[PDB]
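For reference, the chain that follows is the form deposited without its partner chain, supplied as structure tokens.
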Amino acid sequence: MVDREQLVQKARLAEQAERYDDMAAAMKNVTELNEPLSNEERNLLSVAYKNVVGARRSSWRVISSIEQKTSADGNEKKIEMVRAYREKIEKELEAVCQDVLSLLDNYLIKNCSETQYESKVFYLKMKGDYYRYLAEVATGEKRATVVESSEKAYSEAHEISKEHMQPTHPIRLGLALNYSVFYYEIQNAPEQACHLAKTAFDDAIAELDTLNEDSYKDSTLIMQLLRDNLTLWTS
């Protein structure tokens, strides 16, 4: 019988040791206590799964790159293991995404009140992200379904953030960042990606007086990331 405070302590310890699989597992155990998460427990869960899926996405990109070159090389003798190793990483990546998506759908989005608007946007942004990670590796009909699922999660998150959060709020800014990345990289819609990132940046600078003493550093950091992407995409 392990206490909730000890599990959060375990996640913090795993983060310092860079053992993100342990970190994700501890925060998954906290979620499964079937109680709402604090703002702190929410970010610990987010950081854990971002680093776990990040390592899988990086590995998949490396092996897929080698796979495209091996097929072009003409050596049929080597293609078998490259494809199988890419598939192995791909299934691991998908299982990480499905693991987070089950947590969001059966616990986090399912049981946060209609009043906890910050929590709702935070979880729907995560949902958009993990369906986007699934979209990156998916093909054909499987791809179209997860793309729609990602779009649906980002749009709902966007509507609640627009209505209940200031344009400078790091959750609203972070959402605009990832949703515009989804338009650019997944939907291949550079105009809509640039518009979304421009609107978010301009709405934040127009309401710069709404910057909070506890999160102004996070706000200015994401505003810069939005401007960075806007520069990259428009050049």
Given for the second form:
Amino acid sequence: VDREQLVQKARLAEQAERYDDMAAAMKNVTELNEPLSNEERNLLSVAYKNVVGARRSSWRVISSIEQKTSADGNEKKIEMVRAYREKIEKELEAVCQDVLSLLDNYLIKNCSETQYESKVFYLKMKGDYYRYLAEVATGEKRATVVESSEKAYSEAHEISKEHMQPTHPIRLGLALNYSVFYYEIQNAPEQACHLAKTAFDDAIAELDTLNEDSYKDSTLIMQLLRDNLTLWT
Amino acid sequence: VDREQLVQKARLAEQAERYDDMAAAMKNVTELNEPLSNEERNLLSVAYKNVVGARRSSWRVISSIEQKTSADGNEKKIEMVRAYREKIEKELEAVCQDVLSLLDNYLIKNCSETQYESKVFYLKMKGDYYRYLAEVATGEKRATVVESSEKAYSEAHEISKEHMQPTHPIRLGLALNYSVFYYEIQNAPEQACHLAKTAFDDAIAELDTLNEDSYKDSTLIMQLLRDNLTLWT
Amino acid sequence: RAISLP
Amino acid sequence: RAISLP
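Switch over from the form deposited without its partner chain to the form deposited with its partner chain bound, please.
Full assembly next; the chain just shown is listed first.
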């Protein structure tokens, strides 16, 4: 059982656009109960992002059609579109639960006090995947996953504020996603704008704290913050 | 579930980009042992084209990487890149065998003498899916599937020459794929060129015979014939 | 229509 | 390089 082969597998699977294989390899790496390098973290994130991403994209297409045919008033067709939506939801939720279990029982658990970058990165993932659950949940189940999403982002934001520079890509990326959560999930546009503007402004104030290694990644997330802000206003 | 529901599932799956579900739906439709409408044929074809397409694309990426690392001389890495290629091959081969079985046992079988369009369409698919098998085969296995592909295209070509106008999309599409077969598989560039040039010239000679329902598909293919011709010369 | 981290 | 029917 060779950790380096599993990582190489993941790199191969990514190149061949086989994201299930990539997720499986990186899951297996995580299960070895040893910390992930930066490259390994991203390999895990990219893998599950695509696996869940294809279901999210399918669910939107299906929901969108469900709306139109629901209005059209043809049951037999409506039942089948709805059943298909449910089938995709179950897939999506299974992927989210899979990631969350890795996060809670391996990745967040094994972060030491000083591994701030990793804690924020993982807590942000935890917020993201509960947010993906929130996108498709209704009733009490929605309320629960929304609370969980909020608690993950909230904690990640505390750690980021205290221990990372305003221009740090991971901190910026969290502000980005957390603000999206505020707008789309909590329907709190004021809170969303405040977070995105603050994060953007704070990065700009300390713009000289950019290393050439982070310049490109930070400035690009900053554009996204601004893009969202322009849209929301 | 009714035939009508399976077809609607196929249409939904297509919009959701879930080509496995699309193939499974259309497979069930085929197994009802009744002829396929025009829309149904295309649904079946688009479905499997994407399913196999994703493997062909992955195979090329992996094969290309195998050649570069093969030159590199690291056995551990070579073995697993090799094994990964083989895993994808098996998937691709299973998809082709699945389609071919549908074609031989249901679709071609159920074509009456006057259903020329259908026969050509299906025999072209048969040629295509043996061609895809030929892409990854070596030795005697390659020779066998190449013979099979040639046989299918050849028959389709005789029927299309005899029963379809030179401007007919299905006839043009066959000339396109058959000429690709000559070039890429048979390594017979003169035969490839002759077929593509003849088909294009014949369509131009009788270009007045385009119908408002087909001009679009037909003209698109004519471009592609010319594109290939330009490249091959 | 808001965009999250790619 | 050669393009088959889309």
